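Given as structure tokens, the chain that follows is alone and in the form deposited without the partner chain.
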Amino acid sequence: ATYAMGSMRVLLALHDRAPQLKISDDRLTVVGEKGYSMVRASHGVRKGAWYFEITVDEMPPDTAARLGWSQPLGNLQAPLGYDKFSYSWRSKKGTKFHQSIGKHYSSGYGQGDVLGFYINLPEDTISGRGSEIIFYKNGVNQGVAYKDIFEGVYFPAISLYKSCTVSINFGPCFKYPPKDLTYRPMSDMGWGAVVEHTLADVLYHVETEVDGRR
């Protein structure tokens, strides 16, 4: 059995997606089609603090997005946040959705906004700091949207209503990196990042062997 390495980079998933969504060749941009449907990223996280960004490239009138995090069982033919498996943030009025229950959260977002998505899943689920989902708008923390979330693997997730266009940035370089929290970029989950980190560590070691350090 060969190691299940997944995709070298974190991208929008090839098959773990609603077939009617239109996904770019580089698998970082997606366009909605008619009623709400969803796509997950190719890697998801189980523990630790993680971050990604989404830019609303175009949002014509009468189009909408619900963006956030989804476990593998989240319904791909429903808006994000429809069931217990996902948590989302709606462009219209900034509502937060989970199990189809929409609650006041923030002001709305739309075309040109760069949104940030933070999740923290502490190792110790009893005495740890507590699990959290936090949304950012153009670098501004919008508050803890959800806490004490269902344990599981969470994938960056995008659901779009009609023909709006968004682009997802998993890292490592973000437009508005949060100033108030630590995190790893979602891009660290691609096995190409593990290769880069392995070599980066080796190069640091070589530098110690050759130059010493002061």
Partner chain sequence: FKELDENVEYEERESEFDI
Contents of the next structure:
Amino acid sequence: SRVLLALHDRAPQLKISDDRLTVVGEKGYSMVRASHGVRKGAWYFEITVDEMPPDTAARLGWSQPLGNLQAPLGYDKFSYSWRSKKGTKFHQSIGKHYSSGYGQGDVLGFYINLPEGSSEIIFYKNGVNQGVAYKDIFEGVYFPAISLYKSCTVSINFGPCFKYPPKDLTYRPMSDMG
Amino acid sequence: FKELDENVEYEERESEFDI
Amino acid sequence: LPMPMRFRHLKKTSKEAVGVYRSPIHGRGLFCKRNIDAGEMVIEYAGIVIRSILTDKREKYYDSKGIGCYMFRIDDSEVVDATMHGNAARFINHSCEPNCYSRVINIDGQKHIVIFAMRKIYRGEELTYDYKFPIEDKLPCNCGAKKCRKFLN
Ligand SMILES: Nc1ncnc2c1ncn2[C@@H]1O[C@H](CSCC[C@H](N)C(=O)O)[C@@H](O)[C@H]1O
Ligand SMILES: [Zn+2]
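Compare with the form deposited without the partner chain: the form solved in complex with the partner chain:
So here's everything in the complex, that chain up top.
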């Protein structure tokens, strides 16, 4: 059925709402993946930062199944992330300059393209392209992925309707996987 | 070492895992 | 007694019940200064509680500084790192015929490693437990017991 935050594929310390679309962090960085992942084509989803108290943060993006649930997204070779703090992008624990930061009330967009042509990961802030973050990524299945540092709160939207659908970007909503 | 009387839960930083 | 009561009594009394002295097994050991009944808490293996994922980072650091690493795993998810902050429990030697055992207890949502007495232990005895090291390819054991397994690992 519908795409949701995964039932078991999640760090146990994260507090997931009953509807499985909202999650709150707990102490050190930890991660939850969606219930469905994609292998080919172009796909999109959104995450809204509901609340970002002082000294809390998020690293949001895409993860293969082996991505470590007890580490920030982007920690290892299995995922790619975008940090709320300073807009840094992370992969294999290397943080690089990417965009400006994002915070409470921001609606972030997450694009991936896996041609059956080069693979790409692109991040959006309230509908606006923040630039290509990663290109020619590792082959595999990628799941929408949330990692949180301390008690900030985010909500994921897999579609079909997005808050800020990007202009001239073709994709299927992650909800199509449902 | 440094003596403690009780466990302390390590307080990780945001950057705990970064290079 | 509710575990947090037993645990409170432990923390309030362990300093006067045990002490560190030279050991005939090895180096310095932990010793009983007053009789302890079977099943009673002896001392906490105290230190900094870290997530399991942080052990590798810390081990490599200590290794680079030539520092002996003192960690006691709680479970798959957490470890007590007593390398830099800890207590006298660090001095408890291994024995192949120990008089204590370690168990994990839960207090107010936090896990603690506590050493318990296997039997009634008398004043002056050295306190020991089985380290339960996995088998390597070796650290000679000097516990002195007739049933000594000759190596810790
Ligand atoms: N039964 C035993 N036989 C030989 N060495 C032992 C031992 N039990 C503990 N040790 C030594 O003590 C170490 C654990 S630290 C325990 C305290 C130590 N005796 C000290 O004086 O600091 C082990 O790595 C080993 O080197
Ligand atoms: Zn022995």
